[PDB]
Structure formats: C-alpha cells, structure tokens
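Shown below, as structure tokens, is a lone chain in the form deposited without the ligand; questions about how it binds or moves come after it.
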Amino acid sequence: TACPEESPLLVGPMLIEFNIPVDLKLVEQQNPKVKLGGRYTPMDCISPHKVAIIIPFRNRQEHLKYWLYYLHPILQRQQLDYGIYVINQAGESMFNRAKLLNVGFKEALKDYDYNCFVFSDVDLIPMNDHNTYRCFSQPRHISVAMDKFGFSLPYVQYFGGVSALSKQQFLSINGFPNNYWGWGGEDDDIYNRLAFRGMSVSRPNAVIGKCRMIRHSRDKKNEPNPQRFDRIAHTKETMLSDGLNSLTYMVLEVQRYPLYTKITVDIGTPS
C-alpha cells in the first residue's frame, strides 16, 4: 500500500476509434473491478488522488457509451480512486454547462471525500494514458491538443474541453459561473477567475495531451478555430457573486448505474 509516482500499467499512445458501436453491458463485463455508480479504488496501492469526474450531460447517451468504454480502463490504469458523475440537465431550455459542473462538485462531495475534480465534456477522449486525470500544483488543462483542432491549442488561455482542479483550487475561485447559459465564454471566464486568484494553467505537452473528439461517420473537417471571449472586466466584477455561493438547483433524481452515477437536476431558465 502507497501508490507510485507514475503508474506501471501505463500503455502510452493508444488507438481511439468510434466506428465500432458499443454495449455498456460489455464495458461492465470488461471492467469488473468497477463498483456501483462508476466507483473504483486501487486494490493494491493507496492512491492520493480521490478524483470525481464530472460530465455535463443532456441527450448524449451515445457519446457517454464511447466515453465510458475508453475512460474506465484508462483511469484504473492511472491508479485513481475515482467516481463518475453524469449531471443531466432536466429541461429543454438553454444548456448551462458551467452550472451543471458546479452541481457535480456539490453532489459528488455528498458521496466521498474527493479532493480532486475533473470536468470533462462527454465527447472527448485522451489518446495517451500519460495524460493523467488527476489534479496538479496549478489548475490542469487536459484536453490540450484535440483532433478537431488540428491537434493545436486554439490560444494559450483556452481552458475548454477537459480540465482538473483540486477542491482547494475550485473553492478558491468560487466555483464556476452559473450565468453563462450557452451563450459561450464560461470557459474563458473560468480562466479569468484563475488569473485573478493568482493561479496559472498547468498542461501536459502537446504529444501526450492529444485527444479525440467523438465524431462517428467519417468526419475529418477541422472545426473553425474558436475565438476568445473578452469579458475580463465582467469576471473581476461578478466572480465573487456568481458561483458556488450563489448556486441553486433541485435534484430531480439520482440513479446509481453500474458504470456511473446519473443526477438529473432542474437548474432553471435564464433571465
């Protein structure tokens, strides 16, 4: 007992494809050590990383299937004491990614003394298990080089896709904004919060930080290079009042599926 710096099981570069539809009954089968609700704890070593992976969700059951298929194996290989949480937005009104992420943080803590949080879109898979889904000395940007972006960071302050913050780092910035409702920029806002609290972004190199975007059918088109939203005055101004401390929502239901926990919640409408 006492986990090693790096993990022995690391396979490094991996093959990621989406032409092979999958069955969750299968992933369950292939990932036996994974207890109810998507929980897994190393049975040999003692991991210092209690990670809760939060996934903003809404009508992406297919993406979720591929996501679970790839990540569960990877995560156990990284020797992580982790849990999976799918925060499902109940309405049919604007999607609110950031807010669902805040909800995950709060809900997950009701289950375990997690000290680390990975916020991941369902449609992203890491192509190299050296890209550890854990927290670092500074906030982590994991999805650094994405196939949909020519494997190139859109700009240095891009903090979208997959990231990780320790409980401390997360609290430090008052969580994430709840007021971006799918208008875009919340991830730029979150980056602003980090700078204001004197933190910076820790990243893996562009080689191991390569990631695939779940897009079956033959899609090779390179998604338009995203721009940065300039709302720096706005973050400094609203940061302390929009976030964890202003977070309100109703848990409509909680389902402990074999491979993950699914929390359906009502988070409101915008105004």
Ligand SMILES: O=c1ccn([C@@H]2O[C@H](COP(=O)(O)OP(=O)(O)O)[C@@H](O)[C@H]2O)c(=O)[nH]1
Given for the second form:
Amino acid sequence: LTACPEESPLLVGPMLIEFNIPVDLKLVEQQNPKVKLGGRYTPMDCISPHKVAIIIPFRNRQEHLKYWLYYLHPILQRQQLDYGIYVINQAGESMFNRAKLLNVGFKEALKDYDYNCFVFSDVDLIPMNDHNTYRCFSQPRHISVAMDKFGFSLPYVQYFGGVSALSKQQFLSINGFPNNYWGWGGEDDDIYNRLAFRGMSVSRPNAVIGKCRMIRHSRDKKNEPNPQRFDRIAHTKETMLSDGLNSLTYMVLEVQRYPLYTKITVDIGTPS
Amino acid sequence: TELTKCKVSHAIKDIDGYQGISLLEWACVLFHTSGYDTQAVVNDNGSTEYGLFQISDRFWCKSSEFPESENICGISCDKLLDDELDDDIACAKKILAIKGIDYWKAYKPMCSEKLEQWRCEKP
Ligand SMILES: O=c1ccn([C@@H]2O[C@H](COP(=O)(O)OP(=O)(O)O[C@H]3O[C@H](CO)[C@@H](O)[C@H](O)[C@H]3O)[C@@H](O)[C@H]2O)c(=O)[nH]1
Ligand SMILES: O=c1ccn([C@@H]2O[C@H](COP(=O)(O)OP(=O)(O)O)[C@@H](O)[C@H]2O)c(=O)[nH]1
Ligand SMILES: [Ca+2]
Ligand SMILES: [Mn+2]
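Structure of the form solved in complex with the ligand, please, following the form deposited without the ligand?
The next block holds the full complex; its first chain is the one shown before.
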C-alpha cells in the first residue's frame, strides 16, 4: 500500500530490439499474465502515482502493433505504471489524421478510468532503454528523443514527433491537439508551438537513455505529405484557440477489448 | 538516396551565401523539405516536386506529363532524382534569383531561428 519508488527497482537499462523473429500475441498474453482484459495493468506491489493512458494513432498497422505490444508491455510493467493501452483506429479510407485520433484517444480513455497522464505513441517506436519512463513530468515530455531512423540524434530541437507525454492539465491547457492536419507532417510541429505559446518548455531524457527504434517502413497511401503543413504551422497561435479539444467531433463505430489492448474504431470525418 | 546533414552540406557548398542564405539555413530548409532524400517526389496540387530541393514541374523543370511547363531551369525533372546535385543546385539558384527563398515554404516557419543546430560538426 506504499507508493512505488521514484525509480523502479525492476529496470534493466539498455535492451535488444529487433523485428525479424515473428511474434505470437498468444505467446505475449502468455508472457504477460498480469495484463488484464483491455490491456490494463496495475502494480499490486506498490501504488503508482502514474495513471497512464497510452494512446496509439492507428490504421492498418497490426504488424507494427504486434511488436509494439510485445516489447512495451514488459517495459511498462517494469516501470510500475498504472496503465491502459488505447489503439485509436481510424475508420474509412480518406486522409489519415494523426493528431485528431490522439484527441479521440484522450476523450475515450477518460471514459474508462480517471487517468492523469497521457502518453501519445506511434505504433512503430520502441524505446531501447527502460530508464526512458512513459510517464508525465513537470513539463511536457518528449520521449522518442534519439531514433535509429535519425542516427540516434534529435533531428531538430523543436521536434516533438513520435512518442510524447502530457499530464491531463498540460494537455487541457493547449486545447489539446489540432484536428485540422490531414496527411503527413506538421501536426507535431504545431503541437510543439502550442506548448510554447502557453509557457511550457519541453522535457527530454538525454540522447543515450532516449535511444529508440522505429520499425522500418514506407509512407502509407492516404497519408501523403500535407502540402499545407508549413502554412498552418505559422498560425498555431491563433488557430489553437479554435481547433482542438473544444472543436472535436467524432463517432464511435466499435469498441473492442482484447486481452492486450483496447482498440476503438472511430469516424473522424474528412479534410474540409 | 537518403543523404545526411554533412553530406548535404558538402555537396551544397557552391550555393552558400547566394541571395544571402547560409549553409545553416539550407541544411534546415532541406531537412524539412525532403528529409535530405535526393529521390524525394511529392504531389501538391496537380504538380510534382523533385529531389533534395523539391523543385516543381509547374514552372521549373520538364516532366513527361507537363511538356507545357515553362521549364525555367531547362532540365528534365528526372535529372533532379539522381545523386548528382550540380543541376539541382543551378536550378535552385535560378529559383532564388527569380522568386526568392520563399519558394521553400519551410524556411519562414522552421528556419527563422536556432540555426547553429544545423551546422555540420564533422570535418
Ligand atoms: O496509414 C497509417 C499512417 C499512419 N499511422 C500512425 O501514424 C503514425 C505516424 O505515421 P508514419 O508514417 O509512421 O510517421 P513517421 O513519418 O514515420 O514518423 C514521425 O514523423 C511524423 C512527422 O514528423 C510524426 O508526426 C510521427 O509522430 C513521427 O513519429 C504511425 O506511426 C502510426 O502510429 C497508421 O497507423 N496508419
Ligand atoms: O490480446 C490479443 C489481441 C489480439 N489477438 C489476435 O489478434 C487478432 C486481431 O486482428 P485485428 O485487430 O486486425 O482485428 P479486426 O479489428 O480487424 O477484427 C485477433 O482476432 C486475435 O486472433 C490475440 O490473440 N490477443
Ligand atoms: Ca541532379
Ligand atoms: Mn513511422
């Protein structure tokens, strides 16, 4: 009944991450018997102050999700987090909208439990060191700091894509994420801007414990580079007041509870 | 061909300073423009942008599907998809002289500050 230590005694540090040997979700449920229906886990040893909803923007990436679940589930437990896994599956075939799904993940996960922390994670990013905690900090946290994709370097100091974490309040303070970014790129830069325009700075683990692997993959159809991103990014200051949580509309088509996660299929509209 | 900051920086030397843009700014603009990929191809509004610089076939190069284009740079767009940057650079130079750095939309919003991070730190 005593709180979990600040740093988990279960940590292993650097880890081997590879995507060659096929995974069997059944074998994963097997290895992770503590994860309950829906992909919920709560430490029974101590009391974590980190009630974390991990939100994954999704559409046709089940193979990546397999690896994600396999690697992350053991890690999140090692980190003694009271967590929930949410896969926000974009229904349909129109342009992919990453940030909007993230917004949905926020509202949907809140329907389940009183989470105070939100980790937005893409499906293809695996942390290579368990010291890179998936929780919230005194400032918005950028987690996928050093991706093999970028030579294990932050590509630019203003970068906020991949995996990040905002407390409920930090998130609420910026009207959440934007819903108007259709297609690839820029939404993460917009989110970055939103933080600065609200007095928040970015917190990050250093480049060594922040090492991360992104499963190699090609850009998906219906998620082409958004030709407008650069212009939309220049107006974040004004648009963030009218495009975000407060302007979110979506319809839930299906809520699925598997043993290792909760997948929610939603209709989020079209680029208009 | 996915290049790197330093590779880009060394292959791009001849353009440094032209129209007042430094190598720090180009490294920044090019990362956001094509992720340094010389074979980057992207659609916009019924037109295509080619290579490291994302030169458009609308007015700058000739693409088989746009024999009408002004082809201001006088080159086939496919020549901007190989790994020889000489012609890409000369074309980029013309765009700078004519339309200016604002052709690259990532410049203002992404490369207006914090340029030191874009320097190549390898000899
Ligand atoms: O058809 C699709 C397209 C995207 N996604 C999800 O969207 C994320 C991003 O798409 P992807 O092509 O993998 O993005 P990247 O270009 O590889 O990744 C980085 O760059 C984007 C641009 O900076 C970001 O915003 C991402 O957050 C960041 O991790 C994916 O990881 C998935 O979680 C799907 O599930 N299905
Ligand atoms: O904890 C889990 C989650 C998933 N699955 C398996 O993974 C499949 C899910 O496929 P997908 O998400 O593509 O299903 P769809 O949403 O398209 O019904 C299930 O049917 C199971 O066979 C499993 O065995 N354990
Ligand atoms: Ca060339
Ligand atoms: Mn990716």
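Residue numbers count along the first chain shown, from 1. Only residues modelled in both forms are compared. The term rigid core refers to the most C-alpha atoms you can superpose between the two forms while keeping them within 1.5 Å.
Which of the listed residues (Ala233, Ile46, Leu26, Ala206) moves its Cα by 2 Å or more between the two forms when the core is kept in place?
So the residue whose C-alpha moves 2 Å or more is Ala233.
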